[PDB]
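Peer 1: Here is what each chain is made of, one letter per residue.
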Amino acid sequence: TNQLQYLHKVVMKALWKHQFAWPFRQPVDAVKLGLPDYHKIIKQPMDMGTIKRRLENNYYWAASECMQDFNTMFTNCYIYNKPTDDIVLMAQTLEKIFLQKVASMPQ
Amino acid sequence: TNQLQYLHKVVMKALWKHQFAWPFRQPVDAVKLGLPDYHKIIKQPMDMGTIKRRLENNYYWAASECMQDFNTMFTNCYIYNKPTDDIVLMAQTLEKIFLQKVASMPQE
Ligand SMILES: CCS(=O)(=O)Nc1ccc(Oc2ccc(F)cc2F)c(-c2cn(C)c(=O)c3[nH]ccc23)c1
Ligand SMILES: CCS(=O)(=O)Nc1ccc(Oc2ccc(F)cc2F)c(-c2cn(C)c(=O)c3[nH]ccc23)c1
Numbered sequence: 076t077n078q079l080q081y082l083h084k085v086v087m088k089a090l091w092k093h094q095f096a097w098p099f100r101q102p103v104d105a106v107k108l109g110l111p112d113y114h115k116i117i118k119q120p121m122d123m124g125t126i127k128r129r130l131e132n133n134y135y136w137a138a139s140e141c142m143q144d145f146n147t148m149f150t151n152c153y154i155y156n157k158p159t160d161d162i163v164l165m166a167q168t169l170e171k172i173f174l175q176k177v178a179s180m181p182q
Numbered sequence: 076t077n078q079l080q081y082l083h084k085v086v087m088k089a090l091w092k093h094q095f096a097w098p099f100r101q102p103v104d105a106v107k108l109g110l111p112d113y114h115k116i117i118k119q120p121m122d123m124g125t126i127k128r129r130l131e132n133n134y135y136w137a138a139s140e141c142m143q144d145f146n147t148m149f150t151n152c153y154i155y156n157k158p159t160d161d162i163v164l165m166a167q168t169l170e171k172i173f174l175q176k177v178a179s180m181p182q183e
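Going down the list, the protein sequences come from chains B and A.
Residues are numbered in the authors' numbering as their position in the first sequence, beginning at 1, plus a constant of 75.
Residues are numbered in the authors' numbering as their position in the second sequence, beginning at 1, plus a constant of 75.
Listed below are the simulated BS3-like cross-link pairs for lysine-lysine, each with C-alpha atoms no more than 25 Å apart in a straight line:
#: 1; chain 1: B; residue 1: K157; chain 2: A; residue 2: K171
#: 2; chain 1: A; residue 1: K176; chain 2: B; residue 2: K171
#: 3; chain 1: B; residue 1: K84; chain 2: A; residue 2: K176
#: 4; chain 1: A; residue 1: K171; chain 2: B; residue 2: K115
#: 5; chain 1: B; residue 1: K171; chain 2: A; residue 2: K84
#: 6; chain 1: A; residue 1: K118; chain 2: B; residue 2: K171
#: 7; chain 1: A; residue 1: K157; chain 2: B; residue 2: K171
#: 8; chain 1: B; residue 1: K84; chain 2: A; residue 2: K171
#: 9; chain 1: A; residue 1: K176; chain 2: A; residue 2: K88
#: 10; chain 1: B; residue 1: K118; chain 2: A; residue 2: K157
#: 11; chain 1: A; residue 1: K171; chain 2: A; residue 2: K92
#: 12; chain 1: B; residue 1: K176; chain 2: A; residue 2: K176
#: 13; chain 1: B; residue 1: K157; chain 2: A; residue 2: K118
#: 14; chain 1: A; residue 1: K171; chain 2: B; residue 2: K176
#: 15; chain 1: B; residue 1: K118; chain 2: A; residue 2: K171
#: 16; chain 1: A; residue 1: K171; chain 2: B; residue 2: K127
#: 17; chain 1: B; residue 1: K127; chain 2: A; residue 2: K176
#: 18; chain 1: A; residue 1: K171; chain 2: B; residue 2: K88
#: 19; chain 1: A; residue 1: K88; chain 2: B; residue 2: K171
#: 20; chain 1: A; residue 1: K127; chain 2: B; residue 2: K176
#: 21; chain 1: A; residue 1: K157; chain 2: B; residue 2: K157
#: 22; chain 1: B; residue 1: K176; chain 2: B; residue 2: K84
Not everything, but these chain B residues come out facing chain A in the computed CB check (under 8 Å):
#: 23; residue: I116
#: 24; residue: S139
#: 25; residue: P158
#: 26; residue: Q167
Calculated from the structure, these hints are not laboratory results.
Note that the Cβ used here is the ideal one computed from N, Cα and C, for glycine as well.
Please put together the full structure from these sequences, using the hints given.
Peer 2: Here it is, written out as structure tokens:
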């Protein structure tokens, strides 16, 4: 539907290109980053890559579904990371833009 | 606006009465909770009590403004607390509702 298309073509597109998007565009690599607790704390990993793919394979049945995955991705980052780490700020920024654009979503 | 009238009447009506709302209805009280570092970590405390009041006094110029306060209240909670605290789960459960509701907000 129109909403999933807006989330694809408008919202995801804007976040994807953002100067802070690079760490979010594929799943967290726990080994490559030296985060061996990661999968013990974050039991539902999400990333914009997985979300984009799902938006391409028509995985979602409603907008809120897709919205939830955005939220888990952010929530996850805020839960695992220290408050002082830049990655947290990076998510706050992206998260704010997601909300901004969701207000302008159709229906 | 249409959008803000949706947040007050649909969104906040549903969140304010939820069995998990209670820790969120008024500002985090660092003294009462024995959290001396709370204000050192969270710089923009937010709560539904504040948001409801703002909805009631038409403080917000646009819908998205309100949404960011709801966001900050949640983000605050996730950043301050331990991953395993119940308070997180409670925030998580309100936030799902918030987001589900926000998907059905009009557009003007
Ligand atoms: C495709 C992602 S990747 O995994 O393949 N690469 C990758 C690269 C850098 C990353 O973060 C950094 C950011 C800014 C710096 F200055 C240094 C960093 F290391 C993260 C990262 C992501 N996320 C969600 C976190 O929560 C998190 N916590 C700790 C690291 C991370 C992931
Ligand atoms: C109404 C504001 S209040 O401050 O006056 N009362 C109050 C009472 C209980 C609370 O949490 C609990 C919930 C359920 C339990 F079983 C035990 C708890 F402690 C919190 C609370 C809120 N928030 C946002 C937090 O981030 C947080 N972190 C640590 C506590 C909290 C605030």
